[PDB]
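Please put together the full structure from these sequences, using the hints given.
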Amino acid sequence: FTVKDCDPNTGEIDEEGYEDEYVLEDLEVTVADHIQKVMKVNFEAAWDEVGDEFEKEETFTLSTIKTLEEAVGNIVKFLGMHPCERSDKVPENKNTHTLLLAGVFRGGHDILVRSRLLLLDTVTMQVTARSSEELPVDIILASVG
Amino acid sequence: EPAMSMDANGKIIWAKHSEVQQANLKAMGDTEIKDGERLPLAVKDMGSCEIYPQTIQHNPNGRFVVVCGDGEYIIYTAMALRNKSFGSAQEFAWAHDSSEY
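Order-wise, the sequence lines are chains K and C.
With the first letter of the first sequence counted as 1, position 123 gets the number 852 in the entry's author numbering; the numbers rise by one all the way through.
With the first letter of the second sequence counted as 1, position 67 gets the number 369 in the entry's author numbering; the numbers rise by one all the way through.
Misleading hints may appear alongside valid ones.
What the hints assert, rightly or not - To list a few chain C residues with every Cβ distance to chain K over 10 angstroms, as calculated:
#1 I314
#2 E321
#3 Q323
#4 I335
#5 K386
To be verified - Between beta-carbon pairs, the in silico distance windows are:
#6 C:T379 <-> K:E757: 20 to 30 angstroms
#7 C:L383 <-> K:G746: 13 to 23 angstroms
#8 K:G837 <-> C:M348: 53 to 63 angstroms
#9 K:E782 <-> C:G364: 49 to 59 angstroms
#10 K:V752 <-> C:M348: 13 to 23 angstroms
Worth flagging that the hints you see were computed from the coordinates, not collected in a lab.
Beta carbons are placed, not taken as given, at the ideal position from N, Cα and C, and that holds for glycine.
Following this line, the structure appears as structure tokens:
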């Protein structure tokens, strides 16, 4: 900006004044500015289907902590989607969990996620992102973080 | 020295003169001239602290200065002319990053 001084009493607004620039804050763009979180038009089918065309994967095996919760903090909250297919709920503890989760991404097509969190007693887990849009499968796996 | 630190826009804001009030900081200038030859300043004080310093150090982005004097540290929010913060020292490091100390 070109920075101009004020008199608030009665001012002056004149062509001159000199610039300095100040660095502003980052904008990060989310996976929730774009999405409508949903319930499926056809989960059974869709669920699978989305796999069919779309599916990328990441696996981790969890050996120092046996808790979802960290993961959980990043996922419900980052994606802004619904955990489910009756596979959401956990009390202050729970043995196993799946979020098979929903919403639709911008540009029309959908971004779909299944997270099977598996507890043997370590957690090893299958995160699936399946999508009706290509950019989202790679994204979900990242974005969730 | 006085206590001053310069924003790379081009304002070395110092304070005081030698024992004058701190009331005097500023300098964005406005003009250009030859290497050997000499230059003009702007005029618009801010400040009129009390504590008498001997350190000025800019924030790592010039920005937040922490100034120590009388043995305590006033940090200023500078443009703000706000006290960014204060306490008593002994010795210092900014976490260079520009976010801790």
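Item to check | Violations among the numbered hints, reported as their numbers in ascending order | outcome: none
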